[PDB]
Amino acid sequence: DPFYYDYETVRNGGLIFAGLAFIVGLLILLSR
Amino acid sequence: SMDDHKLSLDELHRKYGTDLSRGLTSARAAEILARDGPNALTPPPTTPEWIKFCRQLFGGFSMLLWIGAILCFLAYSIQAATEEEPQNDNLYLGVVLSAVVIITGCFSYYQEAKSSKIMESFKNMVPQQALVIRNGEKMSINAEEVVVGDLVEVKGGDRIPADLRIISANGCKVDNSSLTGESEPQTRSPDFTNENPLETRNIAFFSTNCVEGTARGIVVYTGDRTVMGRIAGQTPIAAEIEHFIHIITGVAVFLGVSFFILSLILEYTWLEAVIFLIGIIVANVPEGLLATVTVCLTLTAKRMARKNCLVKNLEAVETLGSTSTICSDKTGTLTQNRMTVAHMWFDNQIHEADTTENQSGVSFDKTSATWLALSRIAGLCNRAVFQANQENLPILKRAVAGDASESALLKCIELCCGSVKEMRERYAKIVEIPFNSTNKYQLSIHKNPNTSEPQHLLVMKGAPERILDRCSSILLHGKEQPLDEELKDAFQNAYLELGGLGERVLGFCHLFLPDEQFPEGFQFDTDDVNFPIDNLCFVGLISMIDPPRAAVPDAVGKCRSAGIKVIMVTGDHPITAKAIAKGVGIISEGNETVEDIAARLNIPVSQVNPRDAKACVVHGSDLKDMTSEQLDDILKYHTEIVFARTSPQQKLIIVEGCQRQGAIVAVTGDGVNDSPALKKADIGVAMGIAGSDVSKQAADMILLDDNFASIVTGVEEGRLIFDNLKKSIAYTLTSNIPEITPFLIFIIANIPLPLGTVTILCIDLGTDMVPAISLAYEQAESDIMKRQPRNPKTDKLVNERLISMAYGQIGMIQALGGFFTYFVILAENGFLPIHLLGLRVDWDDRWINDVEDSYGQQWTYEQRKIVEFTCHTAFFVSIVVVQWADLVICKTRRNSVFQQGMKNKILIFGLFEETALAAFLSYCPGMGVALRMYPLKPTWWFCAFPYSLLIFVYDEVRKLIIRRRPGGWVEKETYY
Amino acid sequence: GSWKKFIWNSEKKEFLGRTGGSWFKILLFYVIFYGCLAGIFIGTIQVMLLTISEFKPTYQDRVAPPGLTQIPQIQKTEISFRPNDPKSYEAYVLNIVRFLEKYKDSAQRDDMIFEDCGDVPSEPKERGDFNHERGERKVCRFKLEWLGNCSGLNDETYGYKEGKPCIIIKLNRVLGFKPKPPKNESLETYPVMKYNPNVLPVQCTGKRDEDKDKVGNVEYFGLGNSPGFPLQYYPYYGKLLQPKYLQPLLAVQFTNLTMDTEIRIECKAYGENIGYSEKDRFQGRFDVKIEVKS
Ligand SMILES: CCCCCCCCCCCCCCCCCC(=O)OC[C@H](COP(=O)([O-])OCC[N+](C)(C)C)OC(=O)CCCCCCCCCCCCCCCCC
Ligand SMILES: CC(C)CCC[C@H](C)[C@H]1CC[C@H]2[C@H]3CC=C4C[C@@H](OC(=O)CCC(=O)O)CC[C@@]4(C)[C@@H]3CC[C@@]12C
Ligand SMILES: CC(C)CCC[C@H](C)[C@H]1CC[C@H]2[C@H]3CC=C4C[C@@H](OC(=O)CCC(=O)O)CC[C@@]4(C)[C@@H]3CC[C@@]12C
Ligand SMILES: CC(C)CCC[C@H](C)[C@H]1CC[C@H]2[C@H]3CC=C4C[C@@H](OC(=O)CCC(=O)O)CC[C@@]4(C)[C@@H]3CC[C@@]12C
Ligand SMILES: CC(C)CCC[C@H](C)[C@H]1CC[C@H]2[C@H]3CC=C4C[C@@H](OC(=O)CCC(=O)O)CC[C@@]4(C)[C@@H]3CC[C@@]12C
Ligand SMILES: CC(C)CCC[C@H](C)[C@H]1CC[C@H]2[C@H]3CC=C4C[C@@H](OC(=O)CCC(=O)O)CC[C@@]4(C)[C@@H]3CC[C@@]12C
Ligand SMILES: CC(C)CCC[C@H](C)[C@H]1CC[C@H]2[C@H]3CC=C4C[C@@H](OC(=O)CCC(=O)O)CC[C@@]4(C)[C@@H]3CC[C@@]12C
Ligand SMILES: *[C@@H]1O[C@H](CO)[C@@H](O[C@@H]2O[C@H](CO)[C@@H](O)[C@H](O)[C@H]2NC(C)=O)[C@H](O)[C@H]1NC(C)=O
Ligand SMILES: *[C@@H]1O[C@H](CO)[C@@H](O)[C@H](O)[C@H]1NC(C)=O
Ligand SMILES: [Mg+2]
Ligand code: NA
Ligand code: NA
Ligand code: NA
Ligand code: NA
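Protein chains in written order, with full-length UniProt numbering: chain A, 17 to 48; chain B, 40 to 271, 280 to 1023; chain C, 10 to 303.
Calculated from the structure, these hints are not laboratory results.
One or more of the hints may lead you astray.
[Stated by the list, open to error] Beyond 10 Å from chain B on every Cβ pair, some chain A residues (computed):
| id | residue |
| --- | --- |
| 1 | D17 |
| 2 | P18 |
| 3 | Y23 |
| 4 | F33 |
[What the hints assert, rightly or not] What follows is a set of in silico ranges between Cβ atoms, one per label pair, in the way DEER data are often shown:
| id | chain 1 | residue 1 | chain 2 | residue 2 | range |
| --- | --- | --- | --- | --- | --- |
| 5 | B | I736 | A | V40 | 42 to 50 Å |
| 6 | C | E124 | B | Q126 | 42 to 50 Å |
| 7 | C | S131 | A | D17 | 47 to 55 Å |
| 8 | C | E145 | A | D17 | 22 to 30 Å |
Cβ atoms here follow ideal geometry from the backbone N, Cα and C, with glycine treated the same way.
All chains, please: the whole structure from these sequences, using the hints.
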């Protein structure tokens, strides 16, 4: 189907990346 | 009220807890600590911790973003009443403009409160010390706990810590300038002279100092109940950031008003025009710099305290980095002031001291009356005494109560010739003389214990050139051989060969007075001078070596490579000062005085052209009669100046002489005579372990370790803040072109809009808040001490080279990196780039619901605004992507990032916070109706990767051209 | 900056604090710099245009259920006129006449481009593939006579002169799209009309409840007798392969409107492909307000 493009897979990937890139910044800041 | 100065010492027994000697008592101490308040003057309460919060939440440049939310809620309140299908769209706009204020105000309050907490931690960093005489045995205490009924002993240069009644003084003289307005010291005495209780001599006052003499006084009031306890800033680097912010404010206000009345011609729905105006003003004005400067100052001050360099105000941080001249003393700062005896001279032979256990027996510990008499002279003049728990301690360490030279002399006497106090009670000191500064004449007439000679002995020591006229007859073997000319030549040769290695020499002579002047009964006094002082019994010379400090000879080299000129002001002979200057690197090799080239070519000194000699040693006696014109070219034609035999009182005439050439002068002092010279210098440095309280109430620094090298490390830490401020300003200004230009090309080219006001506020909140302050924590580059001192007349923070780099070169690449992503998105849905030119009028029409694209298919109104809001979202995302490379290249100024390293932990957190905020604002469920932001395809995150790489490549190649070609066109035009 | 002293010296010849040989270099730098920036921008655009096809868009999910529009192009979904006043309804008639120019019978005579598809609704006609292997594709020709009492072969004011006005409904073009009419379970869609397996059905009713009592009678005119879009057409192949394509039309007349009242009318289209939205009030659907002043 050329008219569908499910956005839920990219949304799940983007929120996984947001949680990861937030906790790694938290661990880099509080590394002191 | 009436203070107890009229009542004498008997009523001072019968007014306090029965103590006028031997200390008060432990119990009493706790009881009068619990009775009265402690000695801390109570602070005025400041504004609480929510007024400081509402001055940041509702402050300047946040009332605009509050009235935007008020207008949005007002438009929704109007719409919800006189309309069916109310369509809450301004509700989320008001919610967004309210959330931006709360986040920005919380960040601003946090950055203010952290710097206030740091700068409040310098009090009780070097607290006060008071000398009490409690039952113990004379102790120093924290000075904020003394009680009424203590007896405290003060001396010259100490601070009076309470309200005092003087018991026993030896001419102390208080300066009454804090409660009268007199600049003249006043004599204190335990009598009762004046009727007025304030302008009297019975008592002393809080926050005053009794310069000379000593005093033993009793406390009458402590804390708030004293006469001082009753009754009752900007930075030149902050007042420039303010002036820059005002000009950028005017420019941005012009741009926002011009964009406001240009939107209303394009039918832009008055609420949207007002929100667009507010979003341009708020985002194009860099309000977060005024926090950053404080974080740049205060943090630097903290680091200066971690390297033993304490500041007194934040105005002294930014002027310490522009220091061009250091006029330091020699003893205590350059050298350790812990000297030991070396290389005595007597009977035409330089000897060795032989200090250690390897007793070379160098004609010592034996019978030879010349050195026996010399050691007896050097033993019965040492005023210093030893302390308890020392007589069972080795030679390698000894506590001793006195100055440097006599503590050095007592080492050889307690090593070689038995105990010392038995020798003091053997020859009874009948009249003493304290050490004078005029002739340097230490004398103590003595007498035999029961019998040693019919001619009892008088002693004399001091400077050898100041006693060469007085004592002339030598002691070879007990024989007073008279004045001899070649013997004076050999004395001169011994003086040059003992000062040539860098030692302070002291002469020694004595007298065998007969019983004609004093019998065994009543002796004679020395204050009325009836003793023959000319042609006396000289015995020999004693010198002492003094090692310079640990990290000094490379600190002088770092001062030389950084363009700072160092001046050495000592009180020693001008051949030992030249030796110490050549030892530590003040006068480096290759540079010589006129004496050196005169004794080189064997032409006498008085006809050498004084232009080929760049080093110069000035005697202090010539400083008094030279007028200002000779000093103002001595300090101009030379480069390495050493003032020898100089009093500290005439230090001030040096300092103004260095200020007329144009220089920021740093002057070290530690006495009471240096206080006119400290607060005339551009920065005064007091000492931390030595140095009285008058010396550290007048200075702008405290050296906690008494080292010269800590001043150089302070100059490094002061130089760092201009680099960090230029880096932060350069980063903050680059995000102004990609926020201005999408509305300009919207008007000119008539394309659909690439960026809206919500994403402008998102760009500002995401990429300007956290990563712009992370450049304050940047480490120092390798070339801070290879650049010249900056001049604060012709070197401002912002140039035409800083504006034309952010606004003209780096900002354009970010605008192109956004516009490319816009064209990529709009071309992949059907609107090819040439088809967009002229589409704006039909695109924004709500009642044209078939707009044809390049493929021929027909779009609705909402169907194309969804594509437009996707373009807004990816414009913001690509701006974050190029912000990355803007932050990476703006952390160095001429070094590459591969020789700087990613040691900044705040910068990596800024990068990750940027990217997390972007990926959260795009891909969260619920942002499609609130923020009007829509999810991106995963391959749309790589559209501004080439422009982000182009920024990095361009800036690295530019810095490489600046490093390998100094003074070229690229450094002259692009190096900001 | 001061004044004259800074506007010119002629003891160093420094206009604006920069000599004339220094003004040349700093302008040559910016000319070369913006030239290379324009070159890199044009080059990245031209490289991105190589990944773009010229027969089919890369993404079609933002036009995916098409809109439904009506041909008197009106300004706030409002039609208001007086029939005995020939200056109130003149813009509407001018819009309809300018739209129905290309649908005339004399504009479809080129028999190598146009073709004669059937006069009853039929199945979709696959013209091949999006691969340019047959050149331009032929288009079915639409006759104006199927819009009878709404075409210009009669009353040339299209009913506006005599009270009863008439609109022309069309569905938006989406490249490659084939509409699926609903199934025939006799329970599926609403409420009841004549069903055809090759017609996408459209229905125009009143919006509120007081509008259902005032809209009166509604007549439809199209190809056949079941009101809707025939399926012989579709799917649009694009304006590169099919220029002079003619989308099918449907005329709707309101013969017994109630006078001097504003009547709200909703037109909806039904199918499996066709979906609706709550923010987009023109997707799969539209509405109009008619007010015949007397
Ligand atoms: C995919 C990654 C690719 C990245 C490519 C990035 C390219 C990097 C380009 C950045 C360098 C910026 C400065 C370049 C100019 C260098 C001039 C020079 O060498 O000075 C010579 C010399 C330097 O030596 P000098 O000046 O000090 O000579 C001294 C003479 N004596 C000894 C007698 C005193 O300067 C000159 O004298 C003449 C310079 C005149 C400059 C006129 C302007 C030239 C225009 C430059 C265009 C470059 C734009 C390209 C940018 C495009 C990027 C988007
Ligand atoms: C300055 C240098 C050190 C680069 C540092 C930038 C960022 C700190 C890092 C974090 C991880 C990197 C990227 C790795 C791949 C992802 C894909 C992207 O997620 C997706 O793939 C789309 C959503 C989905 O896949 O479902 C989110 C951003 C991004 C570019 C990351 C964000 C930015 C990078 C370069
Ligand atoms: C949901 C909306 C209405 C906002 C809700 C309140 C905000 C989440 C508040 C909570 C605490 C505030 C801030 C207070 C502390 C700062 C520290 C900051 O970290 C740094 O400054 C870097 C580390 C350092 O400075 O040493 C990141 C989070 C932040 C901005 C906080 C972000 C969120 C703020 C504005
Ligand atoms: C750098 C910022 C401040 C402005 C950059 C955007 C430009 C101002 C505008 C002007 C017109 C726009 C575009 C409209 C037309 C296209 C066609 C495109 O491809 C072609 O030129 C082919 C033309 C053809 O084959 O017919 C190259 C230029 C481009 C991207 C233009 C590039 C410049 C755009 C984005
Ligand atoms: C959006 C992207 C494509 C542009 C921004 C990221 C930078 C262009 C890339 C280039 C290589 C990356 C880094 C890869 C690892 C090195 C290690 C570093 O070397 C050291 O650690 C030396 C340490 C020291 O000498 O003290 C030099 C810079 C750095 C961080 C690089 C800095 C710049 C990064 C993030
Ligand atoms: C798309 C790709 C193929 C373009 C190629 C990118 C270039 C390899 C970039 C990567 C980083 C750039 C430069 C930025 C960092 C410097 C460090 C520098 O090393 C030094 O320490 C110089 C010391 C000195 O000169 O005193 C030499 C290489 C150089 C110019 C780099 C050379 C390669 C550059 C031009
Ligand atoms: C820092 C600046 C210089 C970068 C801006 C991008 C390009 C470097 C500049 C150069 C000239 C600009 C544009 C000026 C106007 C023309 C119109 C266009 O001519 C047309 O065909 C439009 C009329 C038509 O045929 O319908 C050709 C390309 C274009 C967009 C140019 C494309 C490139 C622009 C945006
Ligand atoms: C189309 O219009 C024609 C006239 O223009 C209508 O024909 C007339 O309809 C009325 C309705 O009662 C009859 O009384 C007349 O006898 C008809 N005249 C002719 C010549 O047929 C026709 O009804 C309209 N078609 C519709 C409404 O579907
Ligand atoms: C219009 O005429 C029809 C005749 O079939 C009638 O049923 C209908 O009620 C009329 N509508 C109005 C609004 O008069
Ligand atoms: Mg000193
Ligand atoms: Na701002
Ligand atoms: Na001072
Ligand atoms: Na920015
Ligand atoms: Na900014």
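Hint by hint, here is what the structure shows:
1. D17: holds, 17 Å
2. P18: holds, 13 Å
3. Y23: violated, 5 Å
4. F33: violated, 6 Å
5. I736(B) / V40(A): 42 to 50 Å: Holds: the Cβ-Cβ distance is about 47 Å, inside 42 to 50 Å.
6. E124(C) / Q126(B): 42 to 50 Å: holds, 47 Å
7. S131(C) / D17(A): 47 to 55 Å: The hint (47 to 55 Å, Cβ to Cβ) is violated, given that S131(C) and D17(A) are roughly 24 Å apart.
8. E145(C) / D17(A): 22 to 30 Å: holds, 27 Å
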